[PDB]
Amino acid sequence: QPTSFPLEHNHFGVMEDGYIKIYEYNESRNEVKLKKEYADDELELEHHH
Amino acid sequence: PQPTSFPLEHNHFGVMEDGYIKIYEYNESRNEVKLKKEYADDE
Amino acid sequence: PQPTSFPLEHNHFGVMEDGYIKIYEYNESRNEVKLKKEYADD
Amino acid sequence: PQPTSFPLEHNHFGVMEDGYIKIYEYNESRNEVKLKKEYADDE
Amino acid sequence: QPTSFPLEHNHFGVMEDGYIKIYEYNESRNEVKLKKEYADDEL
Amino acid sequence: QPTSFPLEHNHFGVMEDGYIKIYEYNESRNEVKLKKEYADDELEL
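Residue numbers (the working numbering), protein chains in the order written: chain A, 1 to 49; chain B, 101 to 143; chain C, 201 to 242; chain D, 301 to 343; chain E, 401 to 443; chain F, 501 to 545.
Bear in mind the hints are in silico, worked out from the structure with no lab data behind them.
Don't take every hint at face value.
[To be verified] Under the rule of at most 30 Å between Cα atoms (straight-line distance), these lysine-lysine pairs were calculated in the BS3-like manner:
(1) D:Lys322 to D:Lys336
(2) A:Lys36 to B:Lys134
(3) A:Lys33 to F:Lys533
(4) B:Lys134 to C:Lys234
(5) F:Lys536 to E:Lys433
(6) D:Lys336 to C:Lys234
(7) C:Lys236 to B:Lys136
Here chain A stands alone, though its shape is the one from the complex:
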């Protein structure tokens, strides 16, 4: 069920279940870090003021 997309500066995101997860790949250290995690519902809430 997951889908992924690219972002700037070698970041990328995954959307799986209700959760969006943002990652970074550091080519220099050759490693990835999970940078941020949101439940889509809290995002929806934020958006409906």
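Fit chains B, C, D, E and F to the known structure of chain A by using the hints.
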């Protein structure tokens, strides 16, 4: 139905899932995601 | 049936869903998504 | 079998579905999509 | 259950059940060909 | 259940079954190589 996504300019991106397309922005400096726009894909 | 999408220039993007190709634009300035064209058979 | 798609230069893009590769072009100015090439699954 | 992604110079990859295939689209010649084929079996 | 995404300098990622693998395609040597592998839970640390 399985979601699909796609990138957009200025660190925005799109997620299309079940009759809806949602556009988000990732702000790298604040390290935040915001939902910016919802769209009913039924035109 | 099972959608897949892809990016295009100037904040346009497209999606393929059961023999149908739909092209859209996101206009960041107006914060609005619009359907721009649709096809099935080329 | 499900589809998967991907971008290319100059507003072209491709779809892979049921063992087939189709490449399309989107002309923003005419607001049109032309299929450009299409391969059965083989080199 | 295919997935694809773009690469530089109009190349693109498709991953199908443990097999990566890299292609190139040559817009000018309107041609696609298989550049490499690889299986997840990694060292 | 697999999804992929592009990165800088001809690298690309494959997300698949809780596992993120990261590759590089050397157009010059015309070859690809796995470079890093992770479990999503590892990253969740």
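Evaluation of the provided hints:
With a C-alpha separation of about 8 Å, the suggested pair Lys322 (chain D) and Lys336 (chain D) falls inside the 30 Å cut-off, and the hint holds. Only pairs whose Cα atoms come within 30 Å are accepted, and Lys36 (chain A) paired with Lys134 (chain B) is accepted, the gap being roughly 12 Å. Using a Cα cut-off of 30 Å, the hinted pair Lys33 (chain A) and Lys533 (chain F) holds, with the two alpha carbons roughly 20 Å apart. As the CA atoms of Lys134 (chain B) and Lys234 (chain C) are separated by approximately 20 Å, the hinted pair is consistent with the 30 Å bound.
Proximity of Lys536 (chain F) to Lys433 (chain E) is assessed by CA-CA distance (about 28 Å); at most 30 Å being required, the pair is judged to hold. Distance restraint check for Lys336 (chain D) and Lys234 (chain C): the Cα-Cα separation of roughly 25 Å lies within the 30 Å cut-off, and the hinted pair is therefore satisfied. Distance restraint check for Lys236 (chain C) and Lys136 (chain B): the Cα-Cα separation of roughly 20 Å lies within the 30 Å cut-off, and the hinted pair is therefore satisfied.
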